[PDB]
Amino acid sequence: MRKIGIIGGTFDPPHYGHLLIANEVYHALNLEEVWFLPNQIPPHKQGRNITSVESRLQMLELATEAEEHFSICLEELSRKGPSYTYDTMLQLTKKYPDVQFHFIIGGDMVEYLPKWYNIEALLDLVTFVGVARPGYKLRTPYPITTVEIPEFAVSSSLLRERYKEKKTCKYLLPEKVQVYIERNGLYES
């Protein structure tokens, strides 16, 4: 069975923090590849902006393009609305019978796993890989894998605000992403 990691999120925008996490799990668990799984976003409720599927996808391409062992999985992005991880992984299991999935989650996510839709059935579809700060451990009734990664603290929520202020995010995300964002005036709001 091919060992394939999954890292999901809206990647809005993708940055070095995402890359570092995917990379650390790739090396730590000796995966064949890591697939980035861009989430769908429902239309805004009160006339504000959501970054387009096309824009988020293009940034993700630019962010990952150079690393042979990263790819983009379009399973959720191709759907009209958001997906429960269970439904997504059921589909990927159908599409790729020879693949073993390692689904990467943040350390803070671990204690809330029991509230995920169809969690018991999901555990039969994937192996969770929780990210912990060096030296420390995640606690869950569930059989999960733990990978230690330093907390690098880069966040999409901080980057967007910089762009809104017409600052650069050079050195916080791949140069190609920076060039694409400032050009298209993303995150100006």
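Positions refer to the first chain, counted from 1. Under this definition, the rigid core comprises the largest set of C-alpha atoms superposing within 1.5 Å between the forms. What changes on going to the form deposited in another entry:
Superposition on the rigid core between these two forms places the CA atom of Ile181 less than 2 Å from its counterpart. In the core-superposed comparison between these two forms, the C-alpha atom of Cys169 has shifted by at least 2 angstroms.
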Given for the second form:
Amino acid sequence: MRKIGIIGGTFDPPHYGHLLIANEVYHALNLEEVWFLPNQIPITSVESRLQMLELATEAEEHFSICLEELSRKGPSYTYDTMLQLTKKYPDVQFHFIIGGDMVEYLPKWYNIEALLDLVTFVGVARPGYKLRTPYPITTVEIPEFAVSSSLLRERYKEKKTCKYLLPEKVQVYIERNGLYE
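Now that we've seen the form deposited in one PDB entry, could you pull up the form deposited in another entry?
Shown next is a single chain and nothing more.
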């Protein structure tokens, strides 16, 4: 029933690439909410990541943090996570957001066909682009913003500018607490 977007990631740190995708999909598909789902890490503390995530999202009631993947140590197969969430929120239609580059590879995901019954995949395409896939997925066109957590971590380490890449508030948190040096 209720349409909720899911966006996974390390959020280490969270950045404007996350916010942009969350906002676009939120509007394109007319979602009720978008949940940011912090993954485990393949190191910044979990608390630090959640506080940055909180600062990143504090300004929009429709963005929320989901801790499911954290109540269990080690890597989670997306299927396990989504199984738990559908179990917990039976009246929610989950929209699992993925990059268009990822769409090609979906057949390689653990338990992909059972996973397809749990969620609606949303692929992010560059404007003007059609995604090629055997599976029935939704496409949302979004200008490419090639920023990533790891790129930002490098930069902070090299004392290089990050202006415009992640929220001013998260930057302050980072500098204040001396993350990524």
